[PDB]
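One-letter residues, chain by chain:
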Amino acid sequence: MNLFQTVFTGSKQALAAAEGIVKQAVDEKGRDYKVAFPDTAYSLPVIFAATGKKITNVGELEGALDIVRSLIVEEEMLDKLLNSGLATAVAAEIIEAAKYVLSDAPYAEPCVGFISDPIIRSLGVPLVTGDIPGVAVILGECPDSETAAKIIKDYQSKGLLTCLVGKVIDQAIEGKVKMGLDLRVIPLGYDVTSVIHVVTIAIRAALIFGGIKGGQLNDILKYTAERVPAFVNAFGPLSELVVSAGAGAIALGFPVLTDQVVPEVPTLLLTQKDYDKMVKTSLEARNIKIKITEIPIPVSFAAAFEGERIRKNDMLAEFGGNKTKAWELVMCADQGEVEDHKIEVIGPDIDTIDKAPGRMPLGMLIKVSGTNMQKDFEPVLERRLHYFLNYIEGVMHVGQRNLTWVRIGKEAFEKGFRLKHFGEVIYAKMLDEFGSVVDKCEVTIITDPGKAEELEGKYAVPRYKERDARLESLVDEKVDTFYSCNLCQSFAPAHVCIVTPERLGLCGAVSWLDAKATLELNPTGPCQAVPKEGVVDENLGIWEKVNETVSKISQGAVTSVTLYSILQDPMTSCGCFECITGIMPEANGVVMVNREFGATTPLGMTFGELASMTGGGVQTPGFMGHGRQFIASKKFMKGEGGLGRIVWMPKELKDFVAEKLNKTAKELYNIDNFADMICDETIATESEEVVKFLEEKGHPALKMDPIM
Amino acid sequence: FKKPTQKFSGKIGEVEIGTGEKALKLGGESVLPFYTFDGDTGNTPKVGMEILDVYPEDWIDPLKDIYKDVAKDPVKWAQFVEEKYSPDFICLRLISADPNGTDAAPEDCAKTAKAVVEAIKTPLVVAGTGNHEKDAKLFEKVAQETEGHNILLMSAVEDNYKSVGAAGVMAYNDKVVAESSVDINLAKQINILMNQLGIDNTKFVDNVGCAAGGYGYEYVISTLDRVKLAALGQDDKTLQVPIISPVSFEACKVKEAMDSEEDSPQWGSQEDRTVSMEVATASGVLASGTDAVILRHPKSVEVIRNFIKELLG
Amino acid sequence: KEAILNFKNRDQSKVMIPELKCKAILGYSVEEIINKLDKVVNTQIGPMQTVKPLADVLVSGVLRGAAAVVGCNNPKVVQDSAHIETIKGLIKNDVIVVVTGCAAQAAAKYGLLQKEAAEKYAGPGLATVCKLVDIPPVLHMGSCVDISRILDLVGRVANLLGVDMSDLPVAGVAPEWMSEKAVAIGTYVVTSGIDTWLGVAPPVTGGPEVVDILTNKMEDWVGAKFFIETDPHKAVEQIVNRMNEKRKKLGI
Ligand code: SF4
Ligand code: NI
Ligand code: NI
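Protein chains in written order, with the numbering used here: chain A, 14 to 721; chain B, 4 to 316; chain C, 644 to 895.
These aren't lab readings, by the way, just hints derived from the structure by calculation.
One or more of the hints may lead you astray.
Said to hold, decoys possible - Derived DSSO-like pairs (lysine-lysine); straight-line CA-CA distance at most 30 Å:
{"hint": "1", "chain 1": "A", "residue 1": "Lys-565", "chain 2": "B", "residue 2": "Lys-6"}
{"hint": "2", "chain 1": "A", "residue 1": "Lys-226", "chain 2": "C", "residue 2": "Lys-752"}
{"hint": "3", "chain 1": "C", "residue 1": "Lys-666", "chain 2": "A", "residue 2": "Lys-545"}
As the list claims (entries may be wrong) - Facing chain A, according to a computed beta carbon distance under 10 Å, are these residues of chain C, among others:
{"hint": "4", "residue": "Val-673"}
{"hint": "5", "residue": "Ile-677"}
{"hint": "6", "residue": "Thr-693"}
{"hint": "7", "residue": "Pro-696"}
{"hint": "8", "residue": "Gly-704"}
{"hint": "9", "residue": "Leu-706"}
{"hint": "10", "residue": "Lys-763"}
{"hint": "11", "residue": "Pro-767"}
{"hint": "12", "residue": "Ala-770"}
{"hint": "13", "residue": "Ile-778"}
{"hint": "14", "residue": "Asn-884"}
{"hint": "15", "residue": "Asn-887"}
Yeah, the Cβ is synthetic: ideal placement off N, Cα and C, and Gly gets one too.
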């Protein structure tokens with residue numbers, strides 16, 4: 014008997030039991046006798062959910078058997094199997110409804126039977142806020158009472174609401190599990206049909222919290238699959254009826270886990286014989302994450318302890334700097350190579366220190382695995398490491414990559430701080446802040462002189478080089494999605510930043526990769542995706558989708574923008590920029606001013622006047638604000654010819670940018686030493702003097718087409 | 004000349020608060036506030052009065068003289084306010100649950116809220132403290148206890164937006180206030196978070212921030228202008244919910260309002276300055292696009308009601 | 644360089660390129676398929692890097708079977724008609740399809756090599772499988788020599804289930820074959836234990852004994868046999884019936 018035939022057989026047995034018990038209700042109470050569940054507004058929830066009909070008398074309960082019959086179509090296709098599972102759920106509900114008709118109180122304690130609506134509203138709020146991570150539906154019998162008690166109390170200690178059906182109720186009592194609604198251990202009943210009492214909880218969750226009307230079965234099934242984190246643990250031998258009821262749980266999107274050999278279906282029906290891993294298997298199968306409320310460390314962890322520098326007198330241990338070599342790395346790896354909450358230390362700890370301030374290499378290696386995690390997100394998490402270590406009093410971390418510079422105070426040594434607490438804090442904060450993309454985290458602390466250097470060579474430097482190469486080689490043509498940021502709309506209401514691989518956010522801190530990471534980690538945030546659709550002018554940088562997104566985000570203040578041109582429909586500026594590019598028509602070029610440059614320019618206005626003229630989210634042709642990195646870009650003023658228009662620049666800015674500016678000018682059409690031809694404040698700050706220097710220096714801006 | 008007749012493609016949604024014949028509707032306007040020449044204003048702005056569970060020790064002496072015999076009992080205070088001034092709604096602020104000041108279990112505040120709500124027919128607005136952690140539990144208990152009256156829960160900020168959303172709209176069929184701070188984008192974010200949770204635009208109102216006149220008032224004015232223009236001009240669906248501004252929370256705690264005449268002899272009557280501050284703040288925010296205001300002094304309530312009546316009619 | 648220099652001889656007045664192109668996803672080697680299947684593996688259970696998830700979906704009946712669509716075009720058949728009709732029928736019947744060669748290219752042109760195709764053409768079980776594994780319902784496994792990959796895949800499944808390849812609900816189809824290579828392919832696929840449907844009759848109708856050997860007696864030797872069916876809808880029906888028969892033999 015295959016899976017489909019087992020489910021069909023179970024549904025028919027459920028139908029046979031429903032018909033028999035309905036016949037008893039008709040013979041003893043008549044078709045006019047009332048049918049109801051204690052304290053509910055949804056009548057029989059499963060039938061109300063599936064059909065929208067409320068059943069009030071016994072005669073209608075007998076007419077509900079046709080719903081079960083119409084749901085059993087014996088054709089071996091997945092949809093029929095799910096419908097047959099729902100047939101068992103409807104039949105089980107009819108059996109439970111007839112129980113209340115036949116006997117006034119059909120459940121005796123500890124069994125609670127039906128769960129009233131006020132209880133659902135009572136536990137509904139923890140279900141939405143995640144205070145209840147999931148619902149563990151445990152039915153059947155474990156090999157021994159202690160095995161059941163261990164699994165049940167494991168779910169209970171994790172905050173999950175566990176419901177019990179069958180002999181596990183007695184096994185848990187023998188195992189001394191404290192059962193209650195406040196204790197989140199609810200025994201429903203000894204019969205298999207009592208599992209419908211937790212099914213109606215998920216059904217009424219859609220009815221009450223999802224606001225889905227009765228009869229919208231597909232919407233209700235969609236709701237329970239996405240919103241109700243329920244799963245089934247079926248222990249002991251499974252009859253056909255149990256399997257068909259499990260098909261009902263699968264029909265609601267609840268995966269079924271069992272210790273029995275079954276025809277496994279990936280993500281839906283799974284066999285796990287190891288009772289020591291059943292809880293972890295179920296949490297993974299239902300995508301349930303338990304929040305570590307506290308970091309198991311003796312030293313205090315808080316944000317208020319950031320920036321408290323400990324001096325040489327307070328210091329015990331020191332890592333990195335010129336004293337020795339230290340490095341940190343966050344790398345993405347497959348789930349097999351990472352172990353959850355695996356904190357190991359290679360080499361000696363700080364307890365072996367002579368009690369004098371000592372030097373020893375420190376290698377920090379954090380492997381992170383997840384479904385949504387990719388390599389481009391590795392640097393972002395790594396930056397947060399700087400903060401995660403700084404929130405611990407007694408330790409301070411500054412620097413990045415192999416420039417790690419860490420100090421640990423003597424007071425941390427007294428309180429009981431060791432190198433394992435580094436890993437504990439890192440794991441806790443990685444799972445807290447980055448729970449969206451990080452599923453498993455492994456932290457490794459290395460202190461050996463040899464192993465630290467071997468791991469730095471094997472892992473750290475190749476990833477640093479590949480990150481630098483990816484930052485260098487990314488261009489607007491390869492990608493097909495830019496990113497819009499509106500963070501600076503709090504003071505520039507019409508300003509929208511468009512971030513491309515070659516055009517940074519003009520604040521200088523938001524990049525294309527940073528924007529992608531923000532969009533992934535923080536939806537409904539400052540950064541949103543802008544598809545590259547409706548290209549109009551690739552030389553100028555005009556897309557129909559870009560104009561549409563700019564019009565939407567700026568609330569209609571700015572309608573059409575141009576990414577690569579300064580004079581035709583330019584981008585707006587907010588006020589966080591460090592550099593301002595303005596047009597100089599007499600030199601047939603553009604001058605550049607920096608925030609730190611307080612003197613005058615060839616253009617006349619100083620930076621403050623240029624900042625007042627340019628910023629504020631207003632499209633001002635001929636002027637723009639940007640960072641220091643956009644100067645040496647390929648797309649810098651691409652619409653007006655390129656960066657050959659740069660004719661004046663402060664000496665400090667020129668000295669900072671000269672290497673990449675010369676590289677890009679050498680690619681453009683010019684001798685490498687393009688920095689020397691650009692004027693500066695030392696040579697001349699005046700119109701005619703700058704023009705004379707440019708024309709005597711053979712500046713390319715004097716040989717191009719007129720800029721306006 | 005040609006009459007200026009720019010049309011709007013958006014319309015503010017309507018939210019109903021309370022039960023019975025006293026239930027009030029907020030929103031529905033298709034034009035700017037009081038622009039009866041441009042089109043229709045869906046509902047008249049509503050004015051509510053503020054009461055506390057504990058005795059208002061920090062309030063000015065004239066206000067303690069007005070409520071000298073009822074301020075001890077929140078139920079008597081609410082009944083007195085309803086019988087004497089008949090506001091559109093009553094705001095019951097649970098300041099006894101503030102963790103920084105006197106701290107109370109959520110059960111006691113929920114009991115007080117239930118006692119108040121089962122004695123009045125006017126819609127009730129239950130406002131918590133500024134602490135999000137306290138607010139989540141407090142509003143869960145209050146919404147459980149005060150079930151069936153369609154109350155409004157204030158300050159469902161992002162940090163607890165789920166909890167107040169779940170214990171409020173979803174579970175006990177109440178309304179909620181999504182609160183942000185002087186930012187249109189944060190208001191959009193909180194509205195989108197409420198919508199994704201499963202809560203429609205007909206189930207909550209917005210609080211884009213409130214301030215007294217002279218203390219960051221221009222930021223509130225600009226935020227109100229921006230959200231109104233985006234909701235109506237741009238047909239921004241995520242900003243088309245009504246806005247409630249608690250005026251007496253901030254306008255009555257400033258030096259100009261709260262200084263006694265003996266403290267500043269040149270300023271004059273303390274009650275007049277308090278009423279003037281309340282009226283000015285409420286008038287400005289009403290002109291900028293707020294739909295409901297919470298006022299403390301009954302004279303301010305009367306003046307603002309007459310102001311609304313004169314402008315709309 | 645010779646090809647590039649010929650661009651100067653282009654006559655742009657004689658150029659007509661139809662604006663008809665279709666997006667396709669391919670690259671499904673056995674290794675790539677195993678990597679994709681690793682997503683639906685519970686980490687606490689395992690094992691990883693096996694064909695076990697595919698074997699599980701086949702045994703449970705969520706997928707009725709797997710069918711390989713291979714072969715050329717042939718002027719005797721409306722070009723690409725039989726390929727497309729056979730593939731759509733199979734995936735509608737919750738049969739996952741692997742394609743090679745000109746059949747794979749017909750699927751690519753039509754638009755079947757797309758994730759969206761799962762919700763447009765596949766039946767419920769195959770649509771669920773495609774959503775869970777994030778694959779198109781039709782997997783392009785490469786060229787005509789890459790049919791060996793298909794053998795490899797089937798063999799692995801058989802070795803995981805402890806049965807011969809003739810016990811599995813698998814089949815091969817050559818809706819529009821023309822080449823001697825196609826004849827050799829069908830012969831070794833049948834000899835390996837996989838029933839093969841031919842959409843073009845091979846020149847054997849003149850020998851009654853040869854027809855009887857290829858379509859009847861072959862099953863006694865290697866557990867599979869040839870099916871000659873020029874109607875694609877009838878071929879899909881026969882493939883589904885034969886797969887169900889082999890499932891009932893296997894107990895799944
Ligand atoms: S300047 Fe930077 S922070 Fe401001 S909107 Fe642009 S990307 Fe965002
Ligand atoms: Ni900015
Ligand atoms: Ni700026």
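Here's how the hints hold up against the structure:
1. A:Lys-565 <-> B:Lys-6: holds (28 Å)
2. A:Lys-226 <-> C:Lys-752: violated (43 Å)
3. C:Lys-666 <-> A:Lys-545: The hint holds at about 17 Å.
4. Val-673: violated (18 Å)
5. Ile-677: violated (13 Å)
6. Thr-693: With a minimum Cβ separation of about 12 Å from chain A (threshold 10 Å), the hint on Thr-693 (chain C) is violated.
7. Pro-696: holds (5 Å)
8. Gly-704: Holds. Min distance 5 Å.
9. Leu-706: holds (9 Å)
10. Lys-763: violated (17 Å)
11. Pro-767: Check passed: Cβ of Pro-767 (chain C) comes within 4 Å of chain A, closer than 10 Å.
12. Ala-770: At 9 Å from the nearest chain A Cβ, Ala-770 (chain C) passes the 10 Å test, so the hint holds.
13. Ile-778: violated (13 Å)
14. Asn-884: With a minimum Cβ separation of about 13 Å from chain A (threshold 10 Å), the hint on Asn-884 (chain C) is violated.
15. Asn-887: holds (8 Å)
The structure fails to meet hints 2, 4, 5, 6, 10, 13 and 14 from the earlier list, while all remaining hints are met.
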